[PDB]
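Asker: In case you want the letters, here they are:
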Amino acid sequence: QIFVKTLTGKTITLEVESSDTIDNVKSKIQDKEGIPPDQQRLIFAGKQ
Amino acid sequence: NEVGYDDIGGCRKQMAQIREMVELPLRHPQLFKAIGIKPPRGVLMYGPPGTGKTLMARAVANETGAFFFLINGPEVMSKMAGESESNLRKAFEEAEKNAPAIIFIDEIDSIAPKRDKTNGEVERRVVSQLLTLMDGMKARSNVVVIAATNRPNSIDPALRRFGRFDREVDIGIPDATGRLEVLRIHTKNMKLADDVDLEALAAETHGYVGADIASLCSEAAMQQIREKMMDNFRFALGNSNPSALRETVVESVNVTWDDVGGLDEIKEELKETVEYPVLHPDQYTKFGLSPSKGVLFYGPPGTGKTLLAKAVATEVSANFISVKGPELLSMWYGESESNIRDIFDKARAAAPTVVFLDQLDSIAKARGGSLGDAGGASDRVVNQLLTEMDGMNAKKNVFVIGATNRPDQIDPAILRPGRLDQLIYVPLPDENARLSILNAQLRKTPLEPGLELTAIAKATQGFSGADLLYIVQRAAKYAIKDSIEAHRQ
Amino acid sequence: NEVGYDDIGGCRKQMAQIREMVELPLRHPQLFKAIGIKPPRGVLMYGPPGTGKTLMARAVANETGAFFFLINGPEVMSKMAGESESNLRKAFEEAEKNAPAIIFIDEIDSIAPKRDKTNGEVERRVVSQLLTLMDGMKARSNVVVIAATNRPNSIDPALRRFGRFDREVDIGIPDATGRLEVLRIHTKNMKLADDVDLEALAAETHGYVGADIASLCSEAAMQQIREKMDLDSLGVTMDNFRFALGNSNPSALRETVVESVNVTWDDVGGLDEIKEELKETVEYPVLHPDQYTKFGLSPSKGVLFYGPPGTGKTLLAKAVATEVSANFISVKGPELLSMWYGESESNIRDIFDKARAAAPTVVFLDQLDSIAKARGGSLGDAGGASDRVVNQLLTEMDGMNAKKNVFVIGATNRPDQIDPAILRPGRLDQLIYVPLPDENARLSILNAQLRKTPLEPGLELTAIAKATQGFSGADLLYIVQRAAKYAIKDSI
Amino acid sequence: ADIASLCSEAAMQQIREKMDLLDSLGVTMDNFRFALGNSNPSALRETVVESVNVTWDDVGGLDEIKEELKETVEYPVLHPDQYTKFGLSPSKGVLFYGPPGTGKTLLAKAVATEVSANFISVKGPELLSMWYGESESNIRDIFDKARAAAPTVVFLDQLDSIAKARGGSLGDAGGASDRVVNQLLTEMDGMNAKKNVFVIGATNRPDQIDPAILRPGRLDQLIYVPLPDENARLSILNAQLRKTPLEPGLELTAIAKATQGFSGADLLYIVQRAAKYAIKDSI
Ligand SMILES: Nc1ncnc2c1ncn2[C@@H]1O[C@H](COP(=O)(O)OP(=O)(O)OP(=O)(O)O)[C@@H](O)[C@H]1O
Ligand SMILES: Nc1ncnc2c1ncn2[C@@H]1O[C@H](COP(=O)(O)OP(=O)(O)OP(=O)(O)O)[C@@H](O)[C@H]1O
Ligand SMILES: Nc1ncnc2c1ncn2[C@@H]1O[C@H](COP(=O)(O)OP(=O)(O)OP(=O)(O)O)[C@@H](O)[C@H]1O
Ligand SMILES: Nc1ncnc2c1ncn2[C@@H]1O[C@H](COP(=O)(O)OP(=O)(O)OP(=O)(O)O)[C@@H](O)[C@H]1O
Ligand SMILES: Nc1ncnc2c1ncn2[C@@H]1O[C@H](COP(=O)(O)OP(=O)(O)OP(=O)(O)O)[C@@H](O)[C@H]1O
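Protein chains in written order, with the deposited numbering: chain K, 2 to 49; chain D, 209 to 437, 459 to 718; chain C, 209 to 438, 452 to 713; chain B, 419 to 439, 452 to 713.
Bound conformation, chain K alone:
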């Protein structure tokens, strides 16, 4: 004719937010992004 009562407790979280390895950024630089319409980029030649 009796009872059992017990509560609980929690811990939410911690974070660091660590990212961006160096090998991904070196591949991130050597690319293209697009050029409007007529914004050619050119070639050039010389030094015969």
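A couple of the hints might just be wrong.
[Unchecked claim] No more than 27 Å apart at the CA atoms, straight line, and that leaves these computed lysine-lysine pairs for DSS-like:
#, chain 1, residue 1, chain 2, residue 2
1, B, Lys575, C, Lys625
2, K, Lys11, C, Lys287
3, C, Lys687, D, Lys515
4, C, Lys515, D, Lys221
5, B, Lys436, C, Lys241
6, D, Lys515, C, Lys539
7, K, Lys11, D, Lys325
8, B, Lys706, C, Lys515
9, D, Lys241, C, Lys687
10, C, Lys496, B, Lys539
11, C, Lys522, B, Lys710
12, D, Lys625, D, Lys322
13, C, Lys325, B, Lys553
14, D, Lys594, C, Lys553
15, D, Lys553, C, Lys553
What the hints contain is simulated information worked out from the structure, not anything from laboratory work.
With chain K fixed as given, assemble chains D, C and B with the ligands onto it according to the hints.
Answerer: Frame of chain K, contents of chains D, C and B with the ligands only:
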């Protein structure tokens, strides 16, 4: 899609006061300038879900031509507590740009819960963003916010204080004429015949929420399609389950005061107490205190106690709290006195509403200073019964019935005018009441009129009415056997 | 479009008190020189919601032109990497860059409360960040911090110290014609008529901290525009405020009745002897408390009552809340009993802590047989027992100050379940059994109901009262309740 | 830190008086006396720091009982070498139990008049409020600090609300709150009489506590406070009527002669009504 004002009814008394709350400050904002005060910003709605809470906001939006912004409850709160505060900042900024505008939100209990002992949720950073956003913006801007929820008491009390959500409306279940109006709306396109009824089809439902009317019409229409390779509405009630399935709002037995006979010292003595303050309260405010809540029923077993329980509950068409005898579940030591209090507060919210109990008088056995006793139940739950029964209010006029079969164990503190005081002995049905009970029960039987029940009343002298119900059951069970041996030959 | 010092009234004593600690460290700081001491920083406001805590904070900011700042409770509370500890010190250095400045932290109980529940989360290290931030404010006469909350007992007691947060002030309830000053502010912009009078509104509005008064004049404007079916002259009337009294609830959505049930002295039938003995209760020693210090003895602490049920243990129990209009509370017997075992001793603690904080107050008890339990727990064997609920109030009621208007009054029906130490002198002194009324007192029992109803004088008042030969005081209410449904009978 | 509040509040009080149309701002005695009234020490329902003790002849009689209490809180302080020369452990604990009325505080705080150290006590609200950890950890800083911050007297009361059902034959089944009777026993053998420690147990029911609290070696001295007789009840009425303008022409013995089963609470009950009608004569 494109809904209007004439698509829903029942809450027309509340629909008129809504049209002066969200259309009058938007169409005429200069009327509040002449009176000086600011127009109200927040009005919320509640009730059972599926009475058209989301369809009501879309009806008044298309009938005004204003901007209609929508933020869903369980959608924007499921993010990682960083984009919800910017979505609410984007909500009020876009509504200010294209004024006049309304803002409809639904399921605000999922956004704004209450603070309780079970801490561990987020419960912050989103509703506090709504607090600092709503208290401003009142520089005669044509913007209003409309909230919608299911449980109106799980909301945080900081919202319903002042200036944020001050006006409330209670769109509940419709009446018998309310379901009759939505039956004509949902059957405007189905080519029915002349055999269907509308008043009898609405009266045979008696507990159906407005979302069921679209489902019950499509179930009967699908049955009519299947017979090609129109009274199929009664087939749809036997197949489909009504909404609010396993709650305390059950209504499936439609026994009225005609189907129950006799006991004229109880029918007029129940009309004196539970129909007079709920219909004519103008005389009760100048002739003492209004309500006569408690009433007791005692007598022999099977004397017709609960036969009149659902009969009075369907006369005024109010709610019927069907709490059984051992409903004090008593899983521990403290919740056994607490689970009886929220059902009393629910009776005050849905007032007037009849509450039923059975044999909960246990303070005569709860003597002081002994050894044989329980661990906190059946001796301290009567101390809660000595303080939660007379918790009355003049704006509710509730009433509670009580049926027992042992009037010798009545507590000396429960037979009091502050408790259930009106005790009425339910006697045996005499030779005049035996005909009034049994003839109303074989009304559904297509019987022959040669057999009169006066011979049954002469053969039953000390029989109860439930024992007479076995006689018409045995007469019907052998009429089934008379019908079984009629189609095989 | 900003508020000022004249924007809010009713708290004129607390306005002049709070104006000293903000103007003197900023306008004339030379008074703190050549006196040795340092000007304080923290001001603590606390009270019920709707009293105008954030209104008083914005009014003192715009009237001085200082660098006002705002720190919200649930906003700056992070779980990422301890960002709440970096954003509190970010707000302190930004307020230190501009002189003079003022910061405001509302709902300070939401940010790092007392550790009776959590005790292990990041909020233990959040409050200790606020300890070293306020104590490291060596910049004299630059930053003044004010705070606002609702419960001063849920906060950690480390804030109430010398350095960070001292000089607390309670924003009370404007009862001494303070609601007239609130009605003068809100109704000065609305168009008025000749029949209205603000003096005939504050006397009937008990409580009414100020937020519902602004809701009352707005709802009275809704009743005025309700009759317009739709160049315009509306005004107001006296019936609009009377419509807003009954058709709108006061601040009682949290608890149903805490103030009164609108009774008086002569609503209990008979019992003129207990009306004389009730004048030795808290009506007596409040207006003269120095006589007990002169006579060198503490007053009476508790009077106990027991007897037949229905003889005035709810009418006289709530008549004390009307004869002095003190800070009444309403608590039931097993409603104090909780479902958790550890809450069994702290639930009486917060009730008694509100009694010493709302002095003068009136408390009561009903059905102490569920609370006393003189055997001391029935069987045992469980994770929790029914023995700490009675052994805590017997010691906590002894550890109270005598000059703080604390007392108890009883209402029971069983004189055997109560413990002998419950009826101990010094805690519950006067063992007064309430009696059944005789034939000389049962005439005014029916007259308690006949005061408000227009009874015909041809009917004899003592003819119905002479049918009682040992009845109770509630039984004559059953006659007028039976007559409440027997008088009409033809008007349907 | 509270001593800095006493000087800074009296200067703030003085400038609230001197303010009209900086010449002389000497802080007066009444400014420090007002600062003692409106403010308070650090005891904001924390560990209590007070030494409220009464002198002798404040409990009536005791002419045969005062010699029984002088050998437990004075003689370990006045003569500590009598235990070190012999080798006996001094009894730092005395269980108290008696009739209603007196027994809790005025029969225990009148014993330690010569020490007057800080009194850190447990009481009613100091119980299991947090369900995790803070059940005996709030007592762990009482046991370990009693030998570090000596002298410190710890009073123990409400014995029927700590170890009633847990120490019995039936006990606790489930491990929910059986963590109360362990630290009260395992901190007894781990504590020696190196520094000045003192504990006092008082209750209304001595048989409702666990018998392991009355183990030998820690409670070998049992002092029983009896009911005050006719020779002591008359001096009770002269003790609780101390700060009163009492006329000496009356006989306080005639009031106490009608008290046989009436304890000191009923003596307090019969004297409170004499002060109710005394102020009513002035009314
Ligand atoms: N007047 C009316 N009363 C009840 N139901 C109606 C009415 N008019 C139409 N209905 C039907 O009921 C449905 C309305 O349900 P609704 O879209 O409001 O779901 P809900 O669960 O109430 O919304 P929410 O998700 O916001 O709770 C419609 O699909 C419509 O066919
Ligand atoms: N007016 C009446 N008089 C006698 N019997 C009736 C009457 N009306 C209905 N009955 C029959 O009696 C039964 C009522 O039983 P119910 O359990 O509600 O009361 P009861 O028989 O007194 O039971 P209990 O003794 O547990 O209260 C019904 O099944 C019904 O057929
Ligand atoms: N002088 C005044 N005293 C009390 N109330 C006032 C006064 N002037 C206006 N009010 C009303 O009281 C309300 C002020 O409440 P406020 O906005 O401060 O809520 P609060 O709960 O105190 O703030 P917080 O959330 O910071 O605690 C306003 O809505 C206003 O209508
Ligand atoms: N002076 C009076 N004497 C007796 N009865 C009165 C008096 N004034 C009013 N009454 C009536 O008696 C009833 C008082 O009963 P009450 O609420 O005290 O029940 P109770 O059983 O005594 O309370 P409890 O549950 O605490 O025992 C009221 O409903 C009221 O109508
Ligand atoms: N010498 C004395 N003898 C008897 N009573 C006294 C004496 N001196 C004072 N008193 C009065 O008797 C009361 C003492 O009661 P006490 O606080 O001991 O209650 P108790 O029930 O004995 O304690 P416990 O709760 O530990 O059993 C005081 O309030 C005081 O006014």
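Asker: Hint numbers the structure violates, sorted upward?
Answerer: 1, 4, 9 and 10
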